[PDB]
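Q: Spelled out, the chains give:
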Amino acid sequence: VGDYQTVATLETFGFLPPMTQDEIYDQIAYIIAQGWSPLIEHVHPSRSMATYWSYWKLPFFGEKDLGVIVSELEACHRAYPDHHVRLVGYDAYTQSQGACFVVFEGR
Amino acid sequence: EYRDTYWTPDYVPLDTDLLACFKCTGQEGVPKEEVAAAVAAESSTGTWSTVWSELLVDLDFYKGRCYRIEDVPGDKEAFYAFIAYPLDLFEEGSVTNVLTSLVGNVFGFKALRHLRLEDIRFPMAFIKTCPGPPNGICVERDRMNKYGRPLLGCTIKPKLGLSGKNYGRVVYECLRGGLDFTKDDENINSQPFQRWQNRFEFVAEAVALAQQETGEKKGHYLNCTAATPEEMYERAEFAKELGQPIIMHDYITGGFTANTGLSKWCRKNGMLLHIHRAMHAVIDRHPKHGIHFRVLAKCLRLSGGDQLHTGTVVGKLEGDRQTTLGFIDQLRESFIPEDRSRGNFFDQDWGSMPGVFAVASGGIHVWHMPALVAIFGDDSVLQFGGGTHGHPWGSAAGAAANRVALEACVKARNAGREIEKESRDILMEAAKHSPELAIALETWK
Amino acid sequence: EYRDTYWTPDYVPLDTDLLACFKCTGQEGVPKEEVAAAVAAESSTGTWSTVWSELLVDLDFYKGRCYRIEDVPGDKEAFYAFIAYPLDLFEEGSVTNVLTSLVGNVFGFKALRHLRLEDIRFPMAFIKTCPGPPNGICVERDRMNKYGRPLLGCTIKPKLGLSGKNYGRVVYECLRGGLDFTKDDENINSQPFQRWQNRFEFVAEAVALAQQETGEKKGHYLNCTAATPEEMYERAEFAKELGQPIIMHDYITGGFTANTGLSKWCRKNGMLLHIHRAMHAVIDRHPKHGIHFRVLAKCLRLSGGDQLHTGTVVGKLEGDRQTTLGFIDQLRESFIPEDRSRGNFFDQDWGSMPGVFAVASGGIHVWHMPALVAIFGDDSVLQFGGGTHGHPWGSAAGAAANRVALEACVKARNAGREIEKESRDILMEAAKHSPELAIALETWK
Amino acid sequence: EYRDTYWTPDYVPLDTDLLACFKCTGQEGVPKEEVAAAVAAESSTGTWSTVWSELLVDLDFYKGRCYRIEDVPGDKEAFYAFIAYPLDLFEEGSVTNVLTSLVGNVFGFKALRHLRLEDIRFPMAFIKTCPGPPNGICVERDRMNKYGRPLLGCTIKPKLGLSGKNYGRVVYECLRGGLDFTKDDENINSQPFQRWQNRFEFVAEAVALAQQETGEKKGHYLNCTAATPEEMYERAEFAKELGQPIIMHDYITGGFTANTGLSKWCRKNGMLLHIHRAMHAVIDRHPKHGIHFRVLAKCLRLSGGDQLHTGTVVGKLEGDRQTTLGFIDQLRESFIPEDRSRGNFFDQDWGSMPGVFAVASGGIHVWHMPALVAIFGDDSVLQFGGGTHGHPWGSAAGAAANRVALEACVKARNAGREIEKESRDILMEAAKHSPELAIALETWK
Amino acid sequence: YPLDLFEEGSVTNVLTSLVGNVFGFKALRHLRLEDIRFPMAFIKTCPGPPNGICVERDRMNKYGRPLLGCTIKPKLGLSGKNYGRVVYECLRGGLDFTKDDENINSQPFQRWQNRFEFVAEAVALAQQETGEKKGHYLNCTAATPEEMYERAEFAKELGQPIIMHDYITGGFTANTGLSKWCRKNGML
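Chains as they are written, first to last, in PDB author numbering: chain Q, 7 to 113; chain P, 11 to 455; chain A, 11 to 455; chain M, 11 to 455; chain S, 95 to 282.
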């Protein structure tokens, strides 16, 4: 009974409703606990299929505070409130993205 | 008697040697050292009487050395034997040569009731000689732009009978639900009811359509295992022309030589290689005799490849997941410390040679996923052929339900939670926004 | 329960079906019909619950049928099961597809304690589709101009260590003694101590010299099993350019696909194909589980090839030569009647598709030859690696002694004499003109 | 006398044999058994006196067997003869070899007043050996996404004289009216007034434009029959590069070998193959002598191909549509039961080998369409060269009128109505919304 | 030196005939080659640069100013994606080109195919974004000339307008062959 309509989703937690701020705190705390580094990416939704998004300030290495990460997230969200904004944890020892998901979706 | 020249009581293996572990059971009341030396010789040298030509080449240097006999924990007739091999006894990067030199004739000697190859310690040199996987774990993740979660596949059910259009539309329905990949059936390459060209064309069209619709880089596993290597290369290049980013193969049935050639071609053409373990059980179903699946996994990783089927272990048989996680370690990590419980008898280092994804499929569905995530980590792929297709709402709805279940499970794991116990709460919370997940969890409670 | 749709109490197989025999042992106290139907389904179709896509293709027509359960003579828990397969379930001439569809996943089901593939009845159509052996028995005899007697080979001992010149001169010494062929070692293709090009060049020169000297068309088995199919084809074509009339391969280690491609290339280039059964024991050493060697022999004969290793059975183990002679029948004759003692569970006809030579090697020397001739007939080859080389007078003298022993034995057999009993008199009479034969018979009395 | 060894009074054909039916008329007052045995021998073996070499090969096994002489219903001098053939007398998938072995020399024997090949029962094995049609009926329907109705073609009139631009624009005008395809003329491949490259380029451009405009996947039949196979393959690959989904060929004039090669290339490149029956009448115009068109249709279906010209039978000659529908059955169905009225003398099964579309063209226009739909079913194509072009409103209007006539006819047939009788009412009702259809039906009442 | 002592357009032959054995004579404490005056004929025989200064300026549509490059730091360790994104970040700032490191062609941590693919994608993205014809220097110096030509043709297929090479380590013969291939394929 009923159909599931195709939805333009956003890559690993694109299906779930937008995450709450406490969940963002937990995610960034996990990124810290894994020794990864936070990195902020914003891009226009029309170019979601690109390979590299427009990066914010350089990745924060040795940064272990959640509050600065949240401040940077809200600052970048106010910078481009119409772009898709995601947070990525970078692992230096494996040269991969340990965890990444969208934080703010554009209008 | 062969112990005097093929049993070494105090020899220490060289770091360039090839070390092999055999679980051996000779005849009743035979010297364990003698049967171990017989196995070691039967791997390299064997004569029935005095011989002449062996005095023209130094048999002392070109011979194996069994250097340690250990008592198996559970049988006093079965014993672990560690045999060394000089590096020169093999080809520079030929897993086929390794298998021929290791199990070519040893299994035919009457003086052994049972023989089982357990572990192999490949020297760093031989690993550096082999081509290895064409892409690697991180490179595949980069080429698919998929992270955070394990990937989600499914076998296209039924096993056969589909035409090109029908197979393509079924693959499209499976793919558009957020499923990462789909694998063709291991025994389906080219059939009178379905010629491979039509299947490849239609599945490429469906993959392109689904990729455009869902806004994600997607792909389907295309099989190139066929009668001749020429046909295999032709189908691989046809898939390359159709923009398909991954192809699949059966390395045991097709052959180690064919697998190595396919991996070299994939590296030369920038293609991903999927592999299924068809006929592996015929070599590892018996727990006391044959070749353990860890050896086959090592051989495939050396010969090249990006994915390898394992099951998990769980779903039907709680079993001995320790050794399964052990071969997973040997599949992913660059180095693995010794672990007798995990079936790792050597300190094996792969240098900086990229690992291989693990494939977990068969007898699994939504209910098992938390434990699967816990045991396989993030570097694995999950396939639910019947589960996604047998979902009453359709393959797309089943794939979406499995995708959201995986997302919720990996979120809870990243939250710092013990997923195995509260898994029921996790799936209920996920179902609070996915009715298809709710009905699926209802189907196979 | 799957008996209702996968157990057929009164079905009669169609003459175009593929019939398979499985020696099955389910769990204790389980329905034998149910486990047989589970095996049959697991070969074709398997679902864990109600499914949808199977209603878009007629599962009734594309499904196997187990039609007969017979009680094994010796175990009441083990039972022979005969499963049918519609012709459309396979590829037109792909032994690889047959193996994938037959043992791809059936060995992983938990409801079976043990499973063993016993016999396969290939339909005439599928046999006519496959390329088959490139030359055939009579064609090989024509190309070698050798008749009357079985042919005589030998493995080049030691297993390795020889340079190109040394390997070539050893092969020449073995060949000039009347020996028909020599086979390279199964694990020796290309080594750091010996690159394959030098070995092929020197052995071709030695074969040409011996052919000129002895006045007989001779040849050596050249191995093309390697890391990649490209290297295999390159070495095969290099051997073709050097006028060598036969090459050898390991079909299990190299792969069924590689073997089929090599056989097709040999037919396209007019080359003889030798095959060794390396790693066959890992599939047939266990007498209760795995795949019987007759199935592998059938698969190799379908995939192409001129020679196949068997041992005899005798020399170390008197054993059960009945079933060995049975698979010999399946290797040589165009049709074979059913024989439960010989392990032939089907009336199998090959039409007019040429057979394959049998290879008997390992643990044999001069003393065994009369019985070997009696059991293997005239369509076989005998190899004595250590025996010919370990002869104190040299490889040439040992080869000559074995050659004259074979000549005397086949003469006495043609005389109408029972060779097995009076074999001692036969060998003494032969030694009355060959002192090397006398000393050889003295060595291993 | 040859009856003693080539007439079998009580032989039953084997299921792997090739069975042939000949309508034979020997000289007046000759033994019918003797002349039938003479025909059977002249197909396989013929000697004028005692011979020697036939004792080196078993003539008993490699010989045909005429096993049944039946009285023709209508002539007592003409008789049906059924001759068997062992499977080994032919090549594995060579229709050319079948024709050479069947009619190579039999038609030259003086002892036969007339000889006509009526029916052939191809064994399942030989059918499985041949490549067969590259796509098949359902696969072509999938690739064109056209169902419900038969497809609509037209020959480009006049027979020749058009330049590349003019031919392309005429094809575009025909195609944009809802017409499914257009076929080039059978005798027009490359001319001094028109080089094939220009025609292919312009027709590809026109097909692309019409496909964009009408919103339907369309195509034109491109001819590759030429002087050399190299030119044929070059033109086929040029059409492949230009995105054209179908090419056409004349298999009789070009040759069975050329047709088989073209079909194999189409399968290897994923191309549709159209075929015209040029010069078939020279073989089947005479109703008493020659080869019946059903045999040629069987040969073409075995050799590969997607479409075959038939006429219907109706439009000029009410004739004997029974046998026409019979060969239609042999063209479409996988199995056909025996039907003496339909000219089907054997129980012929094609396994699961896809059939071939039927082509009805020549001497037909709008008025005949209901009967054409009734007799040819939905798996056929209708071509109206002059009718669509000779329509006073233009080729596009004529094609649209024929398209809507076909739509109305298939709608009424699906409605459960007897179309043949009330066809006038059906066409009037269709004309109530298509004035071009009204004027067309007025033109050729 | 008479003109006939050399090959028609072989710098390798010139080096062999000039410094092949002269540096081994004991009667010389030190020897240094300072200047060479190549005759017009020998210059006309050699293939020369495939494009030239003005032709490169035309193919890049860059004038007025010198061009701006940068080596991708660190010297190694980058994966295909990381190397590509670093190159993209360098390129999008108005930088003309980027050069791969001279000792980095194909590594166990980085296979050349992935680097070429990712850097081509990044160059295309940066070219679209900045509105300027851009490119990155791709290295083809490798173990065998076959691999060099294969990588050069792969770069040609990926639309990359320039490749790089080490002529001393790779060899004068390899450099001449690479330049001839670049001229035959229209590559910088």
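Be careful, since some hints might not be right.
Keeping only pairs whose Cα atoms sit at most 25 Å apart, straight-line, the calculated BS3-like set for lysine-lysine is [claimed, not checked]: (1) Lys250/M - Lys274/M; (2) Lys33/P - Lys298/A; (3) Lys455/A - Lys86/P; (4) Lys326/P - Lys120/A; (5) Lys63/Q - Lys167/S; (6) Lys274/M - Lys250/P.
FYI, nobody ran anything at the bench for these hints, they're computed from the structure.
Q: Starting from the hint list further up, note which numbers the structure goes against and sort them upward.
A: The structure conflicts with hint 3 only, although it agrees with all the remaining ones.
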